[PDB]
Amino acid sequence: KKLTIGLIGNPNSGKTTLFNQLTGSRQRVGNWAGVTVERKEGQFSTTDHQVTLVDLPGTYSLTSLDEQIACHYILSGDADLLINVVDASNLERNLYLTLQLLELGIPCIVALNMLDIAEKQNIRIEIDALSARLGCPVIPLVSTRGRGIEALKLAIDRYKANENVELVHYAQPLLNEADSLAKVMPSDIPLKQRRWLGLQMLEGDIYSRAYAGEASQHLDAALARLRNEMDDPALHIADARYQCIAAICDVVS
């Protein structure tokens, strides 16, 4: 059976290296539609699947051209699953991107990279505790004898919808305002993603408005409403995300 998988992580996080390991010489260099950014695709197989792997440009956040490409692809829904390459030696910084994928609700597998760099600086990562808090599998990419890859291939064959765990705990009125923005958005987009798009707009993101159809004319009204209910809506959003990531890292690292 054929799956298409998007490969996503921070720049400088061993993403290209995983890409080459997975695909060997079975890769095509193309170009992202309408821009001159290079788009790599590659092929590998698993026990049950033939996999088309799409390397997305490194990015720290879904919220320059590169960043925008990753996000447009993530939101296009073309991919069945995403492989999220995470630097174990910079967990907290790297999970900011992971959180957005999970909030978007896209099937995810976290390939925990740079174990050897982590080990070297006395950082150990509690794999199952991370996995429980994310609601998606976490696969240590041991480089020794291709073990990591084999285990990743196993995870791919066993992939499923993420566990619907609570992630960031937003103040209710932000959720409320996001719900309101969400119901006036193009319905071709899942409710979960519509809610996420609303949340980004409230925090002040401009690229998100592009997918949200009508919503952007309701935003100033939404924001004007919110500022009666709290002192800094966008900062409360920043604060709840950080709260969530730091509570994870405290247990996990």
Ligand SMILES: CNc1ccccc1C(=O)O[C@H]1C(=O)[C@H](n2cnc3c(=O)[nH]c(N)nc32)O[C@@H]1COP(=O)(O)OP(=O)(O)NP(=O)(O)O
Second form
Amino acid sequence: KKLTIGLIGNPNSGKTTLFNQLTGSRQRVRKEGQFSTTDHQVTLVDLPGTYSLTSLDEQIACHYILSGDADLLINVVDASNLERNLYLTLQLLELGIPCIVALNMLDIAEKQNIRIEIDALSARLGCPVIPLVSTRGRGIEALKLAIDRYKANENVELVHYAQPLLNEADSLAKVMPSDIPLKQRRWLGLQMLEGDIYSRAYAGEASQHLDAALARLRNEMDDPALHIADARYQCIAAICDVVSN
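Since the one above is the form solved without the named molecule, can you give the form deposited with the named molecule bound too?
Left out here are the partners and the other molecules; the chain alone remains.
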């Protein structure tokens, strides 16, 4: 079976280095690439670097991600700035898109005395985590194995939102276009409530209900947007707390 995979991560996380290591001379300027694993023929897409789906390169990556084109994503993460990198990781995982986290720059992490508990991160993200040193090629045989074994991400609980935030997000979600997966509709709901403007273009006509939703939320919490951001940071921090000491 043929597969389409997008490389997604922060700028300077090692995406191109990984792209070259996997494809080499089998590349075309979007930048596409071809390689073959044991079971699959792969098309690899070098998406432009981004910190958050929320900025000319940012919009290119975002629309592609939401389209549902690629079967699987290789989320390239810099191990030496784990916290900052995990914001994008969490977005992809909250969106329910099949993910493999490629832990890159482990040699820099090690030099800076940063140790990461791989399995513990995997347990909390709910997807495979593969250590990598892309410049030396170390870890490639493991990443290919992960692709062959790729199942759906564990439906593990990522962000623990206040219950009224979930109620209002699902209320907004049930009104967005039918062709969008519920998991993506709920996330878009959250985005809108937080103040993400660009997020409205994908929410169809649900934006009309936004201002009244926040009015309702202001009766049960001090600042709805603050509570969203709080819950998200708590998720990132709790991961780093257990995973990286």
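Shifts are known only where both forms have a C-alpha. Residue numbers count along the first chain shown, from 1. C-alpha atoms forming the largest set that superposes within 1.5 Å between two forms make up the rigid core.
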In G135, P173, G77, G146, the 2 Å or greater C-alpha shift between these two forms, rigid core superposed, occurs only at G146
Could you list, in sequence order, the stretches of three or more consecutive residues moving 2 angstroms or more at Cα between these two forms on a rigid core superposition? 142-147
